[PDB]
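Kindly generate the complete structure, drawing on both the sequences and the hints.
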Amino acid sequence: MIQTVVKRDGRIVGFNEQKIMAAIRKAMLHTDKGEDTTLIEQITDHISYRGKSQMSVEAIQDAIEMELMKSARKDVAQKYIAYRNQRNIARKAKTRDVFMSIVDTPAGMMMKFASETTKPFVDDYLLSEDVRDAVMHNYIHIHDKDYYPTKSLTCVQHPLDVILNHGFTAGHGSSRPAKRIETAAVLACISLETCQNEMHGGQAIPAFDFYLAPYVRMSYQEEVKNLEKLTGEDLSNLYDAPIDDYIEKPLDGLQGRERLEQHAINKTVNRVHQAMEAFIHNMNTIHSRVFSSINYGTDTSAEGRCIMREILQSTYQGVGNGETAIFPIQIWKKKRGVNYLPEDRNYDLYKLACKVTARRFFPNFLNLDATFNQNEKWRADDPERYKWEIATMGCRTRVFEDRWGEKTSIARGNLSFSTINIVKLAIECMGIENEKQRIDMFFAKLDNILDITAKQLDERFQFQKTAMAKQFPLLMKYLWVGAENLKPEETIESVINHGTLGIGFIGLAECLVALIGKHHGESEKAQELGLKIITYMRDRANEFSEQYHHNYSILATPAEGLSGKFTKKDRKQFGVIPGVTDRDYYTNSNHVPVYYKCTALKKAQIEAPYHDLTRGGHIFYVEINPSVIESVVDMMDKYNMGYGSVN
Amino acid sequence: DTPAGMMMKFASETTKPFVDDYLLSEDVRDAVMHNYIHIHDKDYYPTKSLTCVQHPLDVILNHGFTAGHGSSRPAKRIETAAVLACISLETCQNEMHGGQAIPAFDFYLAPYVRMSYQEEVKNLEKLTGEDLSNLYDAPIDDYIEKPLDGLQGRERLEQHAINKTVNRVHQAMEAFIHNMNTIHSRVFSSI
Amino acid sequence: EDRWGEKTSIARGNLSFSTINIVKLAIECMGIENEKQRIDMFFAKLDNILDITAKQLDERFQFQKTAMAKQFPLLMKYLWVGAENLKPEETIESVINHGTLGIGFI
Ligand SMILES: Nc1ncnc2c1ncn2[C@H]1C[C@H](O)[C@@H](COP(=O)(O)OP(=O)(O)OP(=O)(O)O)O1
Ligand SMILES: Nc1ncnc2c1ncn2[C@H]1C[C@H](O)[C@@H](COP(=O)(O)OP(=O)(O)OP(=O)(O)O)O1
Ligand SMILES: Nc1ncnc2c1ncn2[C@H]1C[C@H](O)[C@@H](COP(=O)(O)OP(=O)(O)OP(=O)(O)O)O1
Ligand SMILES: Nc1ncnc2c1ncn2[C@H]1C[C@H](O)[C@@H](COP(=O)(O)OP(=O)(O)OP(=O)(O)O)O1
Ligand SMILES: [Mg+2]
Ligand SMILES: [Mg+2]
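Chains as they are written, first to last, in the deposited numbering: chain B, 1 to 103, 120 to 305, 311 to 645, 652 to 674; chain A, 120 to 305, 311 to 315; chain C, 422 to 527.
The hints are all genuine.
DSS-like cross-link-like pairs, simulated, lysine-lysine; straight-line CA separation at most 30 Å: (1) A:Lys265 to B:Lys241; (2) A:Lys161 to B:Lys92; (3) A:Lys135 to B:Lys79; (4) A:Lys128 to B:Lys161; (5) A:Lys245 to B:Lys195; (6) A:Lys241 to B:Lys245; (7) B:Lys408 to B:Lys376; (8) B:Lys52 to C:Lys466; (9) A:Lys128 to B:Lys498; (10) B:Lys265 to A:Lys283; (11) B:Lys161 to A:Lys167; (12) B:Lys265 to A:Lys245.
Rather than coming from a laboratory, the hints here were simulated on the basis of the structure.
Laid out in structure tokens, this is it:
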């Protein structure tokens with residue numbers, strides 16, 4: 001017989017036959033007909049004679065189910081094998097994440129639930145047949161698929177003045193204009209973090225200098241008024257008194273009316289200083305609690326320089342007890358005639374920027390004079406030059422050109438983008454030995470995959486339109502080109518076309534290995550094909566733009582949600598191949614693989630033409652004194668490099 | 120209509136039935152299903168949360184806090200104390216499902232009007248070099264406000280302080296009120 | 422130690438204890454001869470005796486409460502964890518739980 005049973009916790013107890021009996025009884029009591037001891041006795045006696053000296057709970061339940069199957073009453077087992085499993089899941093949720101297998121902070125868990133619920137429904141009921149077939153076999157990737165039912169857009173560039181000038185009202189919240197520096201950065205943060213809930217991407221504030229520039233004068237005037245309230249003087253000509261730069265130096269060593277004019281500047285500089293560190297800390301804490314970006318570096322006034330110096334000092338110091346802040350992402354604009362050469366006005370700020378970037382990895386650098394960023398309306402005397410300066414985002418996105426509007430990056434955004442798998446096509450075609458036929462097949466398949474991707478992007482577009490204005494309280498009332506003309510319940514079909522659609526690529530070196538023995542950064546013949554394929558994609562993009570009445574651009578994906586999602590599913594189907602499916606990366610859009618020893622010069626040489634070719638986004642990342656970054660910036664200027672991020 | 124609302128709706132709808140059919144005894148489920156008991160905030164059951172809490176703001180103000188990759192340092196002025204209070208409220212909201220409250224707001228924010236009044240006086244010393252050191256702990260009955268007309272000397276160089284630490288507090292209070300009222304799209313708050 | 426207080430040994434003490442015979446169980450488990458089944462019935466009986474013993478201790482604890490503080494003069498008024506808060510008529514329910522209960526062998 002059986003004498004000892006080991007409980008699940010670990011205790012050892014004696015064999016009681018009255019517990020294997022009540023369990024089956026409760027299972028039977030919910031199955032229409034409910035029987036009596038006639039079968040209970042048989043099952044219990046059969047179990048308690050064939051067993052060993054000591055048993056476990058799980059083994060006994062295995063025996064119970066095995067006997068309840070080999071009976072005539074099989075409607076009692078199907079209510080056993082279910083209750084037991086529910087209890088297993090319940091007792092396994094005290095230390096694990098069982099609820100996720102079926103489909120840490122509370123908010124993150126709820127968001128995971130929602131994402132997993134939404135994704136398959138879109139994958140089934142919304143896409144079309146050809147698109148679905150393409151997606152299933154690992155040919156393309158639709159970025160941010162879980163927000164599809166919400167007719168959402170990617171990002172925007174805030175016209176921050178339209179909110180500071182007048183008052184903004186969202187829901188029951190209302191806010192008046194600003195009248196000093198402290199109440200300006202706060203409103204900038206409010207508007208920057210209020211629009212995340214209306215979009216599924218990053219946020220940016222261009223012209224960080226000009227928009228806040230008028231707000232370094234107001235505090236100066238107020239301080240003068242307070243310094244002439246008690247003194248009885250009539251310092252009425254100090255209001256619009258031209259200034260050279262808001263520098264601060266010690267006060268002792270003067271007297272009279274020249275003593276009450278250096279103090280005001282000192283207090284004003286301190287006031288402006290505290291606000292910027294508050295801004296940085298706020299944006300840094302919000303993330304852990311929200312991508313963000315700010316652009317500056319091309320203002321030659323006296324207030325703009327003050328703001329730039331204050332922000333640079335605050336970032337160089339750090340946050341908290343000296344830690345490096347992760348946000349906001351800061352980007353420095355370089356132009357030939359403003360801040361580059363020693364004779365230019367803002368050389369000192371450039372040197373300070375290099376000093377800080379040598380340590381805290383910000384700001385990045387954006388060549389404002391590249392051959393594909395220049396604009397033919399930038400006038401150095403206008404007080405509104407910023408309207409003709411390119412601006413970029415932390416996601417490496419570019420929105421400059423337009424076939425039906427002006428050439429600006431203000432109050433514009435991106436609407437979607439999808440990446441295309443290219444290594445798989447080369448591996449698939451690898452079969453035939455003749456070289457020419459492999460290239461012919463590659464070009465034959467690339468066209469079809471491109472057509473499918475374009476159709477998917479257009480269908481996304483057609484769905485995104487038809488969204489009422491009220492669904493986006495802030496974006497479609499103050500921060501989009503056509504706002505101020507849209508009624509609360511009108512569709513946004515008349516202003517949506519001022520946007521962009523991207524087609525991204527990933528892993529070109531592997532694609533080259535599958536058609537030649539060397540990648541782009543090892544053999545001269547290799548690059549002649551990479552250039553050709555990128556050129557093919559750009560030409561087809563132009564054709565699609567003409568056909569569908571939209572804007573299309575090529576893209577180097579940021580590699581944030583799609584890093585290994587492609588290589589794993591490719592090793593399984595086709596198995597290991599040397600140097601193609603053996604690393605668990607797939608390299609980025611068009612860089613040189615990180616595992617190949619190469620210098621800065623050669624990498625830049627091989628990469629610049631691609632920068633020219635990819636209008637929708639590009640990068641040039643190099644991993645390592653303030654003089655080091657000078658070499659990087661000079662390298663960017665020498666060639667047509669657009670956006671560098673050395674750090 | 121906003122994307123966040125739709126995502127939250129999906130989450131709650133996907134979480135309720137699992138709670139009903141996995142993490143409840145038979146009697147509880149029957150009582151729930153027959154309109155006998157209602158469990159407040161059942162969509163948050165797998166997120167083992169708590170509802171309301173009364174904030175000890177002293178620990179947040181005196182020292183700082185290190186959550187995630189963020190950081191902060193002690194507050195040495197009213198305008199940088201109110202903001203920390205708001206930040207604590209909004210950051211603790213995401214880890215619960217109820218409201219947030221601050222008891223004895225007055226006591227918690229009392230010890231910073233005085234620091235402001237000290238910095239304001241120190242600002243006057245660098246202009247009219249004097250001592251003005253009998254005021255750092257001078258006893259003030261009330262920071263009442265009156266016009267600065269009909270005074271002279273050191274008796275007017277002190278009223279000015281009472282007249283400039285009465286407006287920073289005004290701005291900070293109104294900024295707090297506005298900030299906690301714009302959470303419509305940026311939370312339940314009590315003071 | 423403690424599970425509802427701080428680590429101290431002042432104004433604290435025992436409440437009661439009981440001792441559990443061990444050898445009788447080994448003697449009873451002597452007919453067995455497998456050398457591995459014999460050692461298991463021992464644990465089988467030990468678990469049950471421990472269960473009943475804990476139940477007895479809890480019952481004695483339940484009876485010990487309901488004792489008015491006026492029948493322990495110089496203990497529930499000056500010498501205990503926190504008796505400066507009780508009254509002659511109040512029972513000592515709110516404070517008794519700072520003591521420890523014991524199980525011994527031989
Ligand atoms: N004394 C026992 N003798 C034999 N088998 C037992 C005994 N106790 C439990 N089992 C085994 C067989 C029963 O089919 C199965 C279910 O027992 P059950 O009493 O529901 O669980 P349990 O003993 O782990 O504790 P609980 O009281 O929490 O349910 O466990
Ligand atoms: N409502 C029911 N429907 C069907 N079978 C049931 C039901 N209740 C109990 N049973 C059967 C199957 C269970 O394996 C067996 C033991 O039930 P029970 O003691 O509630 O579970 P358990 O001991 O495995 O769970 P727990 O994790 O709560 O200890 O009885
Ligand atoms: N954190 C905040 N979030 C939202 N609104 C805020 C916040 N802080 C202040 N506000 C409000 C206060 C005002 O309504 C507006 C900013 O106005 P501001 O230029 O600072 O002064 P004001 O107009 O209130 O001053 P005055 O009292 O002289 O009229 O924004
Ligand atoms: N809006 C904000 N968001 C987040 N943290 C903030 C915000 N405003 C202030 N802080 C935090 C950052 C500072 O570390 C902390 C204390 O600020 P503050 O009183 O200016 O101290 P401090 O170290 O700058 O003092 P001081 O320069 O006057 O000696 O408050
Ligand atoms: Mg400070
Ligand atoms: Mg105001």
